[PDB]
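Shown here: the complex without one of its protein chains, the others still in place.
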Amino acid sequence: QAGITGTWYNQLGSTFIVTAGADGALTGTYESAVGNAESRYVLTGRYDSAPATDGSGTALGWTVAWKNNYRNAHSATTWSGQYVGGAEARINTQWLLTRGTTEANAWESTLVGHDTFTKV
Amino acid sequence: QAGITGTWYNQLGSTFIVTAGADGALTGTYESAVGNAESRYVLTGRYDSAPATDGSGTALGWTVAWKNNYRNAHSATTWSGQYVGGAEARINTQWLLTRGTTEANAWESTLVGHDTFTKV
Amino acid sequence: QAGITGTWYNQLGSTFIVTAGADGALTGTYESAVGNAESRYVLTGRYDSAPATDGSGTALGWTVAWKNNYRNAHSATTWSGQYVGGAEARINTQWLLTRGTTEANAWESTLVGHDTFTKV
Partner (left out) sequence: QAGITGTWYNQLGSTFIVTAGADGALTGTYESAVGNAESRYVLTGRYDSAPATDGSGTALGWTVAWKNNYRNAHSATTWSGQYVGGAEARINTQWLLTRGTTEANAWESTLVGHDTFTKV
């Protein structure tokens, strides 16, 4: 909970500001250093509030809808990954970015990638 | 908002109960008809509250952490897709399921699939 | 081998013409009914030539580089899925389409989707 709460940065220089609730909630803001996006976007998600004690990571995910007071890309990213604690704590994610499309372009609606978040 | 709020079922017979907030919030419960899961799990997500008017779908996503009062799979799914309105309304998604793992099994942490939700 | 060899069509009306070799090879041509593509493109892949006998599908995959004598999209799709035999035989796939990009756009290089191939 303390492990997760705070400010994370990924390999692109994006900024992930999250609070982890005792009830498994993730709340905060995301700022992308790339694409048609600016300023902060609301995020919400979930994480495993009672993780395995066997040295496994803590599963979590979250969503950003790329609508704020500045821009609307008509799109949503979800990140699915795990928090790894210790010396150099990481969130290792894979993400799906779905654009809103016509049924004609639905085949090309979704980008896939991977982001690694660190504290520094 | 009305379009999205309610009870959806996917091709597996899973049950997705969501409220769409005027502010872009998605809140509700998920019940999987498959895997090591039972009863309802909390979900949260986001959707584009001001979608394009050009016949495009409405981008959205959401997260479930597979922890409730019955089971803890130490895992999280995110669904990323779009709501398509009209006669037979659909949510078309792709999803990432991340297990918590040791760094040794991190390569095999994430399942990927696709779910289609309908109202019936 | 007989199961797989022949002409398949996906939900988009694309045409997948494949021969399965006794040695696990997949060879043929792909024709996309969508995107910046025309005519046939070479495909190669692999499949499990000795599948489980327990009613499981047969794992397989294949690649198309979107270069032929007509167009070069500077991109490659791989499909990963399984052949399901019987009355209505299917190839159920998920696919990754990677464009060639600058390191600046590498984050947006890859589309993800799902295709279902049938014989009809």
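Should a chain be cited, it is by its letter among A, B and C, assigned in written order, with residues numbered from 1 in that chain.
Heads up, the rule we're going with is that contacts are C-beta pairs under 8 Å (C-beta built on N, C-alpha and C of every residue); 3 or more make two chains touch, one makes a residue touch a chain.
Colleague: Kindly name the visible chains that come into contact with the excluded chain.
Modeller: Across the whole assembly, the hidden chain touches A, B, C.
Colleague: Quick one: say which of C:19, C:39, C:72 or C:118 touches the chain that got left out.
Modeller: For the chain that is not drawn, the touching residue is C:72.
Colleague: So which of C:10, C:32 or C:94 would be touching the chain we can't see?
Modeller: From the options C:10, C:32 or C:94, the contact with the absent chain belongs to C:94.
Colleague: For review purposes, identify every residue of subunit A that touches the missing chain, sorted by number.
Modeller: Residues in contact with the chain left out: 94, 112-114.
Colleague: Residue by residue, what part of subunit C touches the chain that was omitted?
Modeller: 23-26, 42-52, 54-67, 72, 74-82, 84, 92-103, 106, 109-110
Colleague: If the hidden chain were put back, which residues of subunit B would touch it?
Modeller: Residues 12, 34-35, 96, 104, 107-113 of subunit B touch the chain absent from view.
Keep this in mind: only the chains that are shown with their structure count from here on.
Colleague: For subunit A versus subunit B, what separation do you get between their C-alpha means, in angstrom?
Modeller: 15
Colleague: When the centre of a chain is set as the mean of its C-alpha atoms, what distance in Å lies between subunit A and subunit C?
Modeller: 31
Colleague: From the C-alpha centre of subunit B to that of subunit C, how far is it in Å?
Modeller: The mean C-alpha positions of subunit B and subunit C differ by 27 Å.
Colleague: What residues in subunit A touch two or more of the other chains?
Modeller: Residues 96, 109-110 of subunit A each touch two or more of the other chains.
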